[PDB]
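First, one chain by itself: the form deposited in one PDB entry, in structure tokens.
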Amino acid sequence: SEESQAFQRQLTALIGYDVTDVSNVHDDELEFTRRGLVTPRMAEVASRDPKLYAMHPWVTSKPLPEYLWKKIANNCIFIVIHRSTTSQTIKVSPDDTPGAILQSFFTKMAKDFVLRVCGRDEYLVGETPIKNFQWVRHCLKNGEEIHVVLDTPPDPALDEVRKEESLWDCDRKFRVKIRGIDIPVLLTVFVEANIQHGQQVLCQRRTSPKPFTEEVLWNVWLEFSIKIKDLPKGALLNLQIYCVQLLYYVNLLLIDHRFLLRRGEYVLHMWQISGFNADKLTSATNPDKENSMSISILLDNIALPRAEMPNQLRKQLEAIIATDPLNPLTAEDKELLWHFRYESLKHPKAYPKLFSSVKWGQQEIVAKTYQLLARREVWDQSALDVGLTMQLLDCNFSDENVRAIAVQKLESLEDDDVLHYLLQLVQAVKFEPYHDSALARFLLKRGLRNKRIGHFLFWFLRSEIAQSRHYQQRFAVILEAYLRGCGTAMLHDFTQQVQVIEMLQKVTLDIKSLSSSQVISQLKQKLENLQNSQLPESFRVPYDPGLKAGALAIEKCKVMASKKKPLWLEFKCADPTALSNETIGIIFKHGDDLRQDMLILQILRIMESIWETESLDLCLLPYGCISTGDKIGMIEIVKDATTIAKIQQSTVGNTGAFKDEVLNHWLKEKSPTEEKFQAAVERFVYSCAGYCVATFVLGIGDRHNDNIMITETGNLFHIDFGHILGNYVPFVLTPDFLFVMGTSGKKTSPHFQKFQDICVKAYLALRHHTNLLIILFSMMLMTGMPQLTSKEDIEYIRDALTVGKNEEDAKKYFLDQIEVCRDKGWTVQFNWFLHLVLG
């Protein structure tokens, strides 16, 4: 076709990568994965209720928390239904199905149609009680009204999808022939060949070192110790170059996507080393065929197809099944898990440890391991454990089958929870030995089934494609698959968004180079230009798919006085049904890898829902933060907020003679009444408690004053998590914070004691999820925070969470942390100043 070759040029512009391209490949895997993905894409498209998918109701099925019940005066929810200019407040009960509120509106008045949210693109369709809509729970949580605009449902037509048009037999020890290396531009140098499987080295060999020149030959055959028949699927040939110090590396999947052993000549362009992480595992070769080191090799020139237990041993097994994810396994622990594998199968918590005790380098062991996977009755039975599920998905498990069972346990996640783990699940795609996987397809299905998950899946993939050459290819094939089944409706919004963001980026990069108030000239000037025959009517806010941004409030926009020059943008809600005029404040920025920030903000959301299991509310503000390309993205602006440093700075800048009372005054200054003031003190006790715990666990507690904000309503929140991570006292409980809790240097108080009891109850609450937090944190550092791995960096969280210790021993560990915070005063703060704001 041709109207199918225009559609191709378009997708490539949204992907930010040219998929169909074949200049940096050495096989049909990616092309093969595209073909393989046509069926999962089509099956989900052909199975999604057209209407329900057009309206994407945002429903949860979790019990309404205690705090939102104590927020319902009398089983009576006040929904304000607005038509044209009319308004009608109605009385609804926590089980009033949305559609059933029509027989409560057409019966409750007189003298087909769906409810939408005012200003938002957030419908209230489907067979669900109102107490199960995030929008509703968000109205009740922050003591707000419930505005609805009765209007015509969207038409599923706009969601139109464009019409789619033997190895176990040779005891031959494995061998690889090194032809040689050749860097186009420059010591001693040797090749290192490893046969790996799930971060587990099966065999190693090297080559006699030779002088480091523009071309280095060898013509050697490296005979490994692994029989051809013993090579597990997912096994990688990892080639490295030392001088001893590492310089280059590349990977080749010994068994391919067709289950055939690799044969023939290979010229691979090797990735460099800068100056552990997920990039080091890629099957992708360097696209930069010029600068980059190369390697020539050759492959051979074969397809792949109950008793009792003592008591001391039982207690030895249990001691191991209990140990946290990061606690290592002795060869003794492993032989133990393996010998009692059948007793280890009855315990789902044993799976990551038992499957890590398997010598994958042996055909017969894997054979029994699969016979073990056949007796999954217990695993399949057990309730879904995300902490356990994520574990079988990390860098430690390269076997297709083990991983698949974990993905199989994910199928039962409702849309609400997919959104909580989407970002990490997408980052987990980097651990997949193959381009096509149960996980890659799962994200595709979940992405196509619901518009919200799909909108977020897009940016997550888009972000990775634009700043990772190690994984862009695999991701590009996944995004393309998604874009060919999301519909023309969404295919259109992603176009508006890409257009809008790309114009703004250009403005950031240029205003960045031209550096005063003279700069304000261009900023205002360029912003008005783009506001014409460019910037389309309105785009969806990327970090909040519900919001639409209209015209650019030029007057409010500016450049910030930071090291780099991020823009401070403001837009009118492009939707008239809006209950206000409050603009949409977005911070635009180039110069930082915003992915680190996304990961942290996402862990913050996981913590809130962990605290929702225990009917708690630590009042955090995990504001929206979307990376949109190479070292660039946007950041939501919290309305009515200032830096804690700015509240101090009022009375001195060049000094910082930190007055232990300015904060409490500021709150009263901003509080309309004195009564609301107490609620702003209330919200402070909680938000300050939340970030104290969370920040401490994540080990980002040592914050530099500037990087802490407060709402004119009591909510406290840290910001700029990208800082403390991009360069590398417990948390932050300064005398001015404590002065809002009625205390000084050394004393107690009613409000303070409460603070200290919200913390311990939140700290221990997180410990009931040790394994989960450890996996996320460990999985976070590996895939998004290079130069923050080493191993010793991963093990920080083991101590923060106080592993081993009973609840009672931990409570007195956190309380002491709260103490190391008082015996410090402003030493810390004043010290940041002597530095950040100086040297």
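Numbering follows the first chain given and starts at 1. Definition used throughout: the rigid core is the maximal C-alpha set that superposes within 1.5 Å between two forms. What changes on going to the form deposited in another entry:
- Here the rigid core is superposed between these two forms, and of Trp218, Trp379, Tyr543, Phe717 the C-alpha of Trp218 is the only one to shift by 2 Å or more.
- Once both forms are overlaid on the rigid core, the distance between the two CA positions of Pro209 between these two forms is 2 angstroms or more.
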Contents of the next structure:
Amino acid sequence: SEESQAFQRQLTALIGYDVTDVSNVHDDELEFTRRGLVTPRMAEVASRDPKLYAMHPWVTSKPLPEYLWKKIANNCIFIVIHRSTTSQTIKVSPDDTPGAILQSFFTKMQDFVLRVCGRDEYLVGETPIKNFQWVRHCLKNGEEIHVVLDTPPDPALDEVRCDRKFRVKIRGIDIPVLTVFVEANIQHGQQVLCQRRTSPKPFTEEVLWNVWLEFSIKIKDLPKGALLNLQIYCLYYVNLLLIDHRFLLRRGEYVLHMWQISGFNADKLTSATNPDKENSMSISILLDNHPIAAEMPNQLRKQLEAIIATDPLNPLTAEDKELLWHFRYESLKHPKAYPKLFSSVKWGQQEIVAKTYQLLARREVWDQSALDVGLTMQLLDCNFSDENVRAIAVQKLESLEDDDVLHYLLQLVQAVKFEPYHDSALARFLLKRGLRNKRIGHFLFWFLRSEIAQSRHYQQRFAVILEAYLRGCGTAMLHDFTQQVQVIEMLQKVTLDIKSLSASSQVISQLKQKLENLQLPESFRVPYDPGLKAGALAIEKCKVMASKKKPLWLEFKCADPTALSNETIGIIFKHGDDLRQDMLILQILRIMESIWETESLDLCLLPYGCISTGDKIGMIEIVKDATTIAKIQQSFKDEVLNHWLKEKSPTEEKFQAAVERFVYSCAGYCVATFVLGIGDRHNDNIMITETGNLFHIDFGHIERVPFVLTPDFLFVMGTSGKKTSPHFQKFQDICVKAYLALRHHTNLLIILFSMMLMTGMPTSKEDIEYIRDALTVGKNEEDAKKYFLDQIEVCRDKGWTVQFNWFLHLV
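So the form deposited in one PDB entry is up there; where is the form deposited in another entry?
Excluded here are partners and other molecules; the one chain stands alone.
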């Protein structure tokens, strides 16, 4: 169809990659997955309620935290309602359903719905008012809930239209420009089954061996998902699945173009070949050589328990693995032992694998066990290639409500890189949950699109998954995405053009002019906050920041007239940094906020919105009324920070609340940063709001100091490096309370941290340990409770020693 060709082009401009192209495939894995990602799509699309899908209500089935209970005194909630400059307040009970509120309101005077004023956010569905996120947001922030009664959005325009051994031939290598040898492996889950090599020849434009590298593994022994790893060093690598998606073995000859090093990493596992054929190193290989689906003594059981108890970081001895394996059925009764057990499997042996799959038959204990996202994630990392082991983990995620899928959505999207094949249980899980919820689908869009734009190694796999989502999300979503992408390209253009014109009066004139040139969509959704829409630019408020990379400071008008405030939406555009690192960290900070919601804690973290759009290019949310701690100091005497708060405080009451939130916010970042090992930062990278909320920024690429707690912060808490103030005791306990709450989620944090380094960093093995030592693994609470207080003292014993040094390095 002529219309289908123009439609596919819409998806191509949206996705930023052409899926129909078959220039860089040696097989049909991609296309087969497209055909295979039609059934799952239609299955979720044909099974979704248009009404609830069109308004995409954001809710949680979790209990309301202890601290958020104090906010409600009379067991009633105030819901200000709007129709046209008219206000009708309604005192309401925490359990009052949105429907009841509609009739309970009309009585004081049922076709319409309560929409949040100035937002594409609705309060609809059989849910208590207390369970809506926008409601919990207002309580936490003291704001009141303003709502407008409007027609429920039309779901109409959401609609979609042998026993022989193995061998391989190393013919040679070829690079057009610029002692090197070949290294061939057979890997399953980053675990080497066998390794062969060649003879070192001098580095030149042409070096060939044509050697026959023989393997010890046998044809029926080869596990599904097994990769053929080919490497070269004196610095190039490529892979290829020994088994395709149809259970067929690799028959034929292959010319493969290789990736190069820039000096473990998610990229090293990719089954995709290098797109650039003009400059890349190539490999010559040929392959010519199907499948189907008494108890322990308590002394050994005690040893097995000790092994199960240890962390995910603790390596497994050959002694342990044999113990875990010989006692499979005792190990099966402990879900926490599944990662270590499946690591004890000889995947290079068909007879054992069969025992493995047979073992997975009766998963009575696994399927009944409470979901452990830390335990589930472990089965999804680089150390597991078995399609069925991963399937039981993805099976467990399905119980997750949309609320929790949002918290872990970024890590899940990244975990796709660890999948041996393009079509996986995980990729189908992401697709289902994306098509089932508009908010999940919105972020799934930008997460996929961030990788597709700056990742040569995986852009193909993600493009196919993004295409499968674009069809099925709806005609309405497609319009928004088109607008959003349209604006970001115009802004990124301006951002890049502005950056080059500077290493002034000249640039400031160039900015306003080029901004007046765009004058382009009338409105678009904010990528990091889909509820908000943006209008025309506040060109007068727009400016290039006095920062080293010349970042664009932009402000927009809100396109919603139903908004009480007149505030502009601020966004920063930056080409200097790699905002992928920032995304992961910020998302981990949100996960930390959730964990502290478990023990009923608020630390007032400010995980501002951040989205990577291209290569070292993206956007950051602007937190209103925030300034840098450094800027407060210059234009290092201690009392400065306190003068600022009282200055920005209209009343003495405002000041006290600003001091309170500072004690919490400071405590939150002190604990969070030290764990992630990013505690040592300069003043410029730590900001504060006029309302007392402290927060950090710029998380890309990171003597000594545990974390930042300078004398000015101490002074705002009223302590001169020796005494203990009333607020300081509050802070010093809050740190311990919050630090103990994270040790309880050690495995979850480690696995997240481990994945963040592999899929989001450029070795990899030793770097992970800091979070293990920081979390004080294998130590009682009190001894650990002191370890953190000792870390606080190292900040007191220090002062500006490193902070002054930081001032020295930049200059």
